Amino acid sequence: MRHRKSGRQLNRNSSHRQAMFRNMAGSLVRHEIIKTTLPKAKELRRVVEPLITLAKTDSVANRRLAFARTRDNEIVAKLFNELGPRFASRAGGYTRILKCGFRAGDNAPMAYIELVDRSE
Amino acid sequence: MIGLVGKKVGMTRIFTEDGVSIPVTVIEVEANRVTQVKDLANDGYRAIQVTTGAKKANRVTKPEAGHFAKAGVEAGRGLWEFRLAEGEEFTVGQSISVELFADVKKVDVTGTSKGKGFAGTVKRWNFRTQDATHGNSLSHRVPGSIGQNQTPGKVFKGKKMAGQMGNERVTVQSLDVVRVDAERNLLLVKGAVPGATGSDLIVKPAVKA
Amino acid sequence: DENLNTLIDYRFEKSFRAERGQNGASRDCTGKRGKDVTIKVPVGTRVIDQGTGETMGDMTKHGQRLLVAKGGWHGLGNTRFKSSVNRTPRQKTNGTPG
Amino acid sequence: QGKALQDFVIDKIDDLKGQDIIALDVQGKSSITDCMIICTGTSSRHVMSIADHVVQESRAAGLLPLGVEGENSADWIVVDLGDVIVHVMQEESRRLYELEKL
Amino acid sequence: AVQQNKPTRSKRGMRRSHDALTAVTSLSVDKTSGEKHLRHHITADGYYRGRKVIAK
Amino acid sequence: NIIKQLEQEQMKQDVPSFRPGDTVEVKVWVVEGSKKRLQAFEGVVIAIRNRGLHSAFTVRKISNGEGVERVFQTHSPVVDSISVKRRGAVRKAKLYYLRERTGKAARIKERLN
Amino acid sequence: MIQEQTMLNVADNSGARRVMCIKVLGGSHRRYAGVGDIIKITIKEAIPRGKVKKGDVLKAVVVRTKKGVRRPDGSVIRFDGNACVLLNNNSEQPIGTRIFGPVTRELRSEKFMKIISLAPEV
RNA sequence: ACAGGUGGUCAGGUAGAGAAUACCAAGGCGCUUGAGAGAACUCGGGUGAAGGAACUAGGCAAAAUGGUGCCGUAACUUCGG
RNA sequence: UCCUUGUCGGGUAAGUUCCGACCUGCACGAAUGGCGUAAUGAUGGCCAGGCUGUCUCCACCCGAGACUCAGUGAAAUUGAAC
RNA sequence: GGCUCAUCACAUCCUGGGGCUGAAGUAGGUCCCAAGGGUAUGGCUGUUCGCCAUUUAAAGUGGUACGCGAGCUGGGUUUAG
RNA sequence: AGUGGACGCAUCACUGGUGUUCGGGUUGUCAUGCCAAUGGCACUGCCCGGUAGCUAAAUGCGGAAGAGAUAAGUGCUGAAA
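Chains as they are written, first to last, in the deposited numbering: chain N, 1 to 120; chain D, 1 to 209; chain 9, 50 to 147; chain 6, 2 to 103; chain 0, 1 to 56; chain P, 2 to 114; chain K, 1 to 122.
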């Protein structure tokens with residue numbers, strides 16, 4: 001009964017949730033900012049933020065593991081090259097949540113989840 | 001006699017020389033500072049009001065802060081009281097330590113058990129489950145009948161049916177003690193106590209034989 | 050019986066009644082067999098009847114159970130007389146006498 | 002208390018008509034029994050009489066026996082004194098079981 | 001199951017007593033630009049905490 | 002936190018570390034009357050659960066044509082001497098598949114190191 | 001963890017090989033059998049030249065349990081194949097002259113140490 | 001703007017005995033309401049210690065075997081099985 | 001047609017169902033066909049072996065509803081109801 | 001009729017307190033008070049009931065329109081073949 | 001005094017179950033250009049385990065003792081008489 005449990009459901013199966021966070025994390029790092037629902041952004045921090053942590057140290061073994069996630073060569077190429085050096089001095093807190101009210105189609109709480117640096 | 005208020009920490013076991021494994025629950029009991037004493041003259045019953053723990057002064061409200069300042073004692077996480085045993089006396093501002101449990105050998109433990117939400121009837125009173133086959137349709141764990149045909153015309157009060165578990169006071173009687181930790185402020189009791197980790201508990205000497 | 054050593058209760062009670070078999074009921078119900086009454090007797094008893102009667106059996110050791118009276122045996126309801134030509138059985142068989 | 006209790010029972014059971022006694026060393030073979038001593042009785046009454054005697058004296062001997070086996074039957078009865086085990090038997094049923102390599 | 005009698009405006013009215021909406025009464029003023037917004041929500045012009053948000 | 006410091010006092014720091022799938026020799030205490038002696042148990046470990054003071058491991062052996070398994074506690078006073086006879090070479094943590102096939106056809110090669 | 005209508009093995013030379021217990025004892029609504037218990041059995045497979053015959057109903061005592069026992073120090077003794085020893089119906093003396101397979105020490109507390117005297121393994 | 005019915009032609013690759021099957025080529029779609037925690041309960045399922053039909057009218061449902069080559073294959077028979 | 005389900009055997013520890021038989025049984029009944037019949041049958045009944053949440057005793061988990069929010073928006077029934 | 005769910009009265013099955021006894025003790029038999037709790041598992045048949053097998057303290061008697069299908073079951077009864 | 005069955009409560013420390021969010025093995029296929037390494041699908045593709053949480057089969061506790069008025073019954077003193 002959710003006692004001491006983590007990980008939401010999102011009305012999607014386990015495979016769909018993995019694909020959900022795979023595409024969303026790649027979208028955030030590529031465009032440096034994405035707009036998504038409030039719980040999805042919160043749960044994305046459990047996926048996108050650890051990616052930079054593996055990208056803090058550049059190595060072939062870490063890059064291959066980082067390639068296994070986000071299933072994209074462009075995304076991993078950006079990591080270990082530009083996110084690494086900029087986030088090297090920061091331990092955690094790689095992204096912040098900026099809520100922007102509700103949608104006009106279904107009354108869904110949106111939030112601007114973006115990287116804290118945001119290119120200065 | 002009086003009891004103490006502690007915090008549940010976890011469950012472990014104690015290994016003995018003769019080879020007896022006894023499960024033990026770790027209870028963190030701190031210095032219990034009494035806040036005010038009631039007597040027969042004031043309200044008609046003997047009770048000593050005690051608090052434990054520490055609370056940040058930011059959200060300690062003025063009525064709570066003023067009450068604590070009246071006794072000269074610091075803030076506490078929660079406030080409780082205990083009944084006297086007709087012949088012992090205590091003074092306001094005195095801190096109650098843990099060594100009094102070194103001779104009881106039996107302690108009653110009370111607290112709020114884990115909340116299990118709106119549980120089913122098959123879970124709340126171990127209702128027997130109907131057959132999941134042999135034509136059974138849309139009824140596998142439902143209670144089924146709840147009354148009699150037109151003679152009572154209603155369902156009796158106190159019927160055992162689907163409800164909500166937990167978030168209620170639960171008492172376990174005559175829980176054996178293992179050791180009393182005074183220099184570290186721990187209470188060791190054999191068995192399992194109600195409630196989860198971090199939940200406040202009330203421990204009193206056992207009233208039964 | 051070991052504990053009993055006389056027939057004192059037998060002067061007290063000269064009649065022993067076994068449980069009569071329950072009558073048949075509706076819904077094809079069969080009555081329960083009457084409970085067998087067991088009589089506690091001191092060891093070494095001999096029992097004699099009338100009408101050129103003789104002994105039934107000598108008791109030498111405890112634990113021997115002797116069959117003295119056979120109860121009557123149950124009758125038959127109308128259902129057992131099921132048939133096509135009759136098609137309405139009003140006949141029943143009386144129980145055998147004890 | 003190994004040989005002390007062993008000598009404490011063999012002499013006293015002999016005083017109560019203890020016939021055909023065998024002293025067996027089982028050390029290294031079983032981890033539950035230390036010494037197997039065998040006693041024989043004439044019939045049911047004899048084996049029961051010695052069985053009650055050995056447990057009656059054990060109560061006054063300090064050590065408490067850990068159990069008995071003979072109930073409403075004298076075919077096999079065996080009682081314990083802790084480290085040492087004593088088997089009191091009769092002639093007929095002994096040969097039915099196996100002897101002296103238990 | 002179906003009803004056996006017709007409920008009235010009185011029966012309908014009390015059941016709707018808890019259907020009334022609640023005013024937010026939680027409008028905040030930005031310390032830099034000065035537009036009304038909700039707690040912890042960026043303004044319609046893209047302003048929050050007085051720091052220059054994307055403002056798109 | 003305060004619970005964590007309790008185990009270290011009750012822990013013993015003399016238990017050797019062994020791989021799952023090794024032949025282990027254990028001398029287990031037994032209580033009877035007033036004599037408290039050792040009992041020898043020969044077998045191969047098929048599971049390791051090293052969690053706190055209650056770290057456990059399962060020892061399985063075959064006696065008289067049937068398989069018998071026993072669980073233990075590393076930090077319990079019941080066990081006194083624990084030794085490793087043959088170091089097995091299996092690349093799996095839990096060895097629960099030994100129950101299916103016979104032991105005579107399920108010999109484990111040495112680690113060779 | 002032996003219940004009503006449970007198929008068990010036989011751990012003595014009485015003559016039975018495959019057995020099926022039919023009635024567990026101990027009280028009303030007796031659910032399951034532990035390690036030292038009196039359980040009633042029915043013989044399903046036995047050697048025709050043995051001491052017993054197929055179809056006989058009598059009492060027996062379990063010696064090995066698939067679920068295992070509970071040592072008072074957080075230990076269990078599991079087994080592969082539940083087994084029983086033949087005992088008479090009127091008297092609680094066992095029938096088999098020899099016992100096959102180990103027997104746990106927990107049978108001492110249940111007061112059937114005679115079985116423990118046999119079965120030299122453990 | 002219905003989870004139904006409607007005849008013909010074209011018949012790609014991979015393993016396969018194949019027009020079954022799993023992925024996939026060209027091609028077409030995500031099924032005109034969605035966002036939230038995953039309560040009882042309902043539906044489709046997955047797993048399970050000990051026992052294995054003891055539930056039930058009934059092995060109902062479930063669970064289980066399932067392919068190729070080789071050896072062997074009973075009673076009976078119309079000599080085909 | 002009945003008595004002690006007819007009672008002996010298999011099947012089961014225990015079998016109002018099943019299988020050849022004892023008898024106190026003969027009505028049907030020989031193209032409104034009788035007897036036996038290999039193979040065949042989503043055919044009636046019974047038993048056995050493996051198998052399992054069918055069950056003792058249910059527990060957990062994966063999804064769609066059930067719940068809240070936003071949008072659209074029925075139903076059978078109703079003499080009146082505090 | 002079975003499953004889930006129970007409730008009430010005591011003309012009490014056990015446990016509890018007694019009287020009498022032709023009650024030496026255990027074991028018994030009858031009667032009185034007492035409803036707080038408990039009051040079975042399987043084969044047969046659709047079964048209620050009953051027989052049998054095996055336990056315990058027993059496997060209680062009746063009302064509940066011989067309780068309970070806007071809870072389940074369709075095995076009997078069961079229109080149409 | 002000890003130990004048992006059912007019942008209820010509490011916890012996951014032990015022993016297990018689940019644990020499609022953790023790791024690994026493996027079959028077919030597609031893709032990342034390719035070797036290697038990965039990801040998608042095939043019930044979680046099929047299995048081996050397994051973190052917390054939940055849970056029982058797992059482990060602790062309880063049915064009180066006692067106080068007042070009592071039923072049946074047993075009584076003390078004592079008149080109507």
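Bear in mind the hints are in silico, worked out from the structure with no lab data behind them.
Fair warning: there could be bad hints in the mix.
[Unchecked claim] Residues from chain N that face chain 0, not an exhaustive set, calculated with beta carbons under 8 Å: (1) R8; (2) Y94; (3) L98; (4) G101; (5) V116.
All C-beta atoms in this analysis are idealised placements derived from N, C-alpha and C, irrespective of residue type, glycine included.
Verification of the hints:
Hint status for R8 (chain N) relative to chain 0: violated, with the closest Cβ pair at about 20 Å, above 8 Å. For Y94 (chain N), the interface hint is violated, since its Cβ never comes within 8 Å of a Cβ in chain 0; the closest pair sits about 18 Å apart. Interface restraint check for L98 (chain N): the shortest CB-CB distance to chain 0 comes to about 6 Å, inside 8 Å, so the restraint holds. At about 6 Å, the closest approach between the beta carbon of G101 (chain N) and any beta carbon in chain 0 falls short of 8 Å, and the interface hint on this residue holds.
Residue-level restraint check for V116 (chain N) is violated (minimum Cβ-Cβ distance to chain 0 is 12 Å; threshold 8 Å).
This entry does not satisfy hints 1, 2, 5, going by the numbered hints stated previously.
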